[PDB]
Amino acid sequence: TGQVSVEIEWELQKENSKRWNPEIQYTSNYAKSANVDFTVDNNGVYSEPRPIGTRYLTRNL
Amino acid sequence: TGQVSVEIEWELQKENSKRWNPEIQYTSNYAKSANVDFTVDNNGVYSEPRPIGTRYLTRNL
Amino acid sequence: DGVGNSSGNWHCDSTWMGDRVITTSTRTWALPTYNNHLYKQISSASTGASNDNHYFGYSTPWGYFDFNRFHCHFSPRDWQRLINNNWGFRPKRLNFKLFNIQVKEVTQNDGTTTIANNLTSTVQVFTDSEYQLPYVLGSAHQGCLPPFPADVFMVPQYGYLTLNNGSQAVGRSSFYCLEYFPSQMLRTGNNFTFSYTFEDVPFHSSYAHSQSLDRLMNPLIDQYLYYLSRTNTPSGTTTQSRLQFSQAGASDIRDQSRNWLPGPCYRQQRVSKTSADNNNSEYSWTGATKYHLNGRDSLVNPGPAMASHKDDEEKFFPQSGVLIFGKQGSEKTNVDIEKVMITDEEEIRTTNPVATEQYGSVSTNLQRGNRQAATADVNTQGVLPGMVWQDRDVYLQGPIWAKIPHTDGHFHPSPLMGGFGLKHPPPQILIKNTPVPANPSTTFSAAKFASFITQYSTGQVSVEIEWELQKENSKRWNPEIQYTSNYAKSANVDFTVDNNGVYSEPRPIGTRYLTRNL
Amino acid sequence: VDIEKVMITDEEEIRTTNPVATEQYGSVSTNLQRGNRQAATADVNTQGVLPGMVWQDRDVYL
Amino acid sequence: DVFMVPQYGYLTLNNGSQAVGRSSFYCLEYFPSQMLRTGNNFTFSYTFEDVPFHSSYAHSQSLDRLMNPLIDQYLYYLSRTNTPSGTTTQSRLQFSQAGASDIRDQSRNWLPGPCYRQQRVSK
Amino acid sequence: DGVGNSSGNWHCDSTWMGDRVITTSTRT
Amino acid sequence: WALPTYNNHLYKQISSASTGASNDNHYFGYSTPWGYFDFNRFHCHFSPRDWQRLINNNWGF
Amino acid sequence: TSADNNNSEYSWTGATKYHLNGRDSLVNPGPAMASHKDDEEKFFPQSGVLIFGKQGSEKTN
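Protein chains in written order, with the working numbering: chain F, -13 to 47; chain B, -13 to 47; chain S, 52 to 569; chain A, 14 to 75; chain G, 243 to 365; chain W, 8 to 35; chain H, 23 to 83; chain L, 912 to 972.
Isolated chain F, as found in the complex:
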């Protein structure tokens, strides 16, 4: 047994957008729930509720 440690450095491209109205963003629903999403449950099991894509921000074709 042992420990493993991975470290990745990522380069980002920042959004520069002149649109007037607001973007679509990724948000967690604010309504009440028996279990917070992306969280353990009372038995200790971690679950991911839905897949999360990478494209929300919009840009001119």
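Source of the hints: derived by calculation from the structure; they are not laboratory data.
Please note: incorrect hints may appear among the correct ones.
Only pairs whose alpha carbons sit at most 20 Å apart, straight line, appear in this in silico EDC-like list of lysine to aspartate or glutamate [said to hold, decoys possible]:
#1 B:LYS18 / A:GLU26
#2 S:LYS526 / S:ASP545
#3 S:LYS155 / S:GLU181
#4 B:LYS18 / B:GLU(-7)
#5 S:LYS474 / S:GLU250
#6 F:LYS4 / B:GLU1
#7 F:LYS4 / B:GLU(-7)
#8 S:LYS378 / S:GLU364
#9 B:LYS4 / F:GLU(-5)
#10 S:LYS324 / S:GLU365
#11 F:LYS0 / W:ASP8
#12 B:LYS4 / F:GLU9
#13 G:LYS365 / A:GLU17
#14 F:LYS18 / B:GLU1
#15 A:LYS18 / F:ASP23
#16 G:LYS365 / A:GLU24
#17 S:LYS324 / S:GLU364
#18 S:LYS474 / S:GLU181
#19 G:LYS365 / A:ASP15
#20 S:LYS378 / S:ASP202
#21 F:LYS4 / B:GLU34
#22 S:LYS390 / S:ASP549
#23 S:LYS474 / S:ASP459
#24 F:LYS4 / W:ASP8
#25 S:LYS474 / F:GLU34
#26 S:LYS474 / S:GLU517
#27 A:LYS18 / F:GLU(-5)
#28 S:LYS143 / S:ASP129
#29 S:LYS361 / S:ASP459
#30 S:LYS378 / S:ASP545
For the chain W half of the interface with chain B, some residues (derived, Cβ under 8 Å), not all of them [claimed, not checked]:
#31 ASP8
#32 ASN12
#33 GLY15
#34 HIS18
#35 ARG27
#36 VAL28
#37 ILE29
#38 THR30
#39 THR31
#40 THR33
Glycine included, every Cβ here is placed at the ideal spot set by N, Cα and C.
Given the coordinates of chain F, assemble chains B, S, A, G, W, H and L onto it according to the supplied hints.
For chains B, S, A, G, W, H and L alone, kept in the frame of chain F given last:
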């Protein structure tokens, strides 16, 4: 008549948050609509649909 | 600087220097106020449009300058000096000016019209150099600088389309307020300039080819490769199957081995300039060649670059496959074939397939001898390794460049209408009259002004493009084909005004005359 | 496992450029017309790359 | 969470269940290894070669609609192949000029991406 | 300075820089 | 991590023989005593919060 | 094998052709593709392979 120009410089305090699960964010609804919000209409009138508060991100009390 | 000084000189000249050529042109423009200074959304709602025809977008008070056609920068004489002597050309450097701006008030009070200057009022101009705005200049719209330098043109209105579902907006649709960008406010006595450098782009090819992709061989010598000449023999008083192999030479010129393949194809329907040879049904939309994107199909124009017709038949052309220009004074809707001038791509058939014909044939099944061999025809062919093709031709009346969409992938960015694909094109230049309010009421009110002074502005615009040339070096003995004006007498010289002052261009002029070895 | 036990990704942000997976690419003229013969078209199910095509790569997920 | 390290294995050329004979065999013991004991550690660093940015944006406008809806094109297309003239239909080619009225008929510089078609099923 | 010269340009842009942000707006 | 001994320190060949597999399903290969580290999924390197901080603010990475 | 082939003359008609400027020519050798499947060594594509002559091979048939 004439032109008026105001320029304000703001200082920001960046979010540093170690929570695991995702934040609540401000988002425009992605469903289709006859009029995009925060946009002019076919007569040229600009309207703001709802008030937008400043507090979404969360922090430990 | 002042009211009495002049902002700039008229330079329309061109200088041919060395392998460079520098073309310059100046025009006079007039800018109305569009929309009454209002941003409005536009759509296909209430129109009763078919699913293919729906759109959603915004129209703006702004207007824009479009120099994106060749005859803006070239006279007919400078164009044949270009295409007769040169194998290729590309744009290098650009320069732009607005000067001698004049704003003018209008007065309808008496029922007469009354016009006076306004020395104080301004006009605001910004160039979009970071490419945040939707780029409209690549769609071959009207409103470009006039062909003939003596003409005054009206600056076209700016507007754009965004995502729609039916007539409704999607919600990922975006809205741009052009007032939200830094502008330069010009008053009479102020001028506006900027310069732009094109990134490295391939030379356009002004040559044709001297020899077809079929015939690259030496006809005298024979190949050392074999092919399958005969599958059966008369031997035995009846036919029996025996494979013979033969060696390919001028006797059978079609059977040789070759290193290269013709370019790709997306097939078109064939129509004839002769009214009698066409079918009597309406196939215009139903028999068309379409692509299907997001549940709505649109027509393919002009499409991938393909030859117009075979050797013999000049009258046939592909339905959607060619660029069609109108003659001077041609109406918008349902004009007869005599009112339009149809381009002819036939110089390109050395490599590219014919638009109306099939690409080839392909074996359908395996044969045994209880089963004969069968083939099927290939109407659509994507790129294969070892294919060579030519881009579509450039015309004096046609577009210079297009903007390459910003996407994860694209293949051979050359635009389909012809011209130079550019990741960063020449920026858009947007211009607008600054609103001047009519007298407000003396008591205060928070509603915005619906009343303005009626006014418009005029001025001078000057565009200067530097082109790089590739000179012809050709060792052929006999003379080239050149572009020539017919020497016979005529009531009107071509590319010339008539007795009423109207300038007309008789026929489209392609860029490829000189020939070169494939 | 039943469809409730799996989470299916949705690529619909990409349909600005790329075609819909289940739909045809387009239609293409099959034959030459004369006027003893009407024009006919056939549908293109498979399309390889042509010059002047633009597309988006598939999306990245957590 | 604690995870168990997965086993390494590979496939090579086969004809049926049998090997081809151009199939290869690799003994991993045949490579230089670093032998670690409790109190030893192992590190290495790696630099990615230049690769395109992934695209986290969507698009604001479809490849169909890149046009200015207000202005009209100067190119023509073939609008009508026949005429009612003559109390019966006869073949005459008319050409029209494309604008917001007919938005599907305009000339365009670009084509959609490629396709390899799938069968459709419903949730 | 004069009648024919312009007194100032239209700047409506905003720049997000570092922890600073600078917003600018012009009106008539 | 925890690493068992696989195969009892033996290289073995594996195949679809005796399984009665269709022609599409045949294979031939080798399994080894070794094991390997796989960090090739994104949620190894990102929390759900660091992922929406990524995708909401950035055009590319 | 001479017996497994069909008795008709398909040499040109059953061939794989491309059509350029109103005249169709044969594709040789064509794009690079495998000659045969795993089992069957005797089959080869009609126009798809390079065919060399042995020393002292005549020109025709």
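### Task
Check each numbered hint against the structure and report the violated ones by number, ascending.
2, 3, 4, 6, 8, 11, 12, 14, 24, 25, 27, 29, 31 and 32
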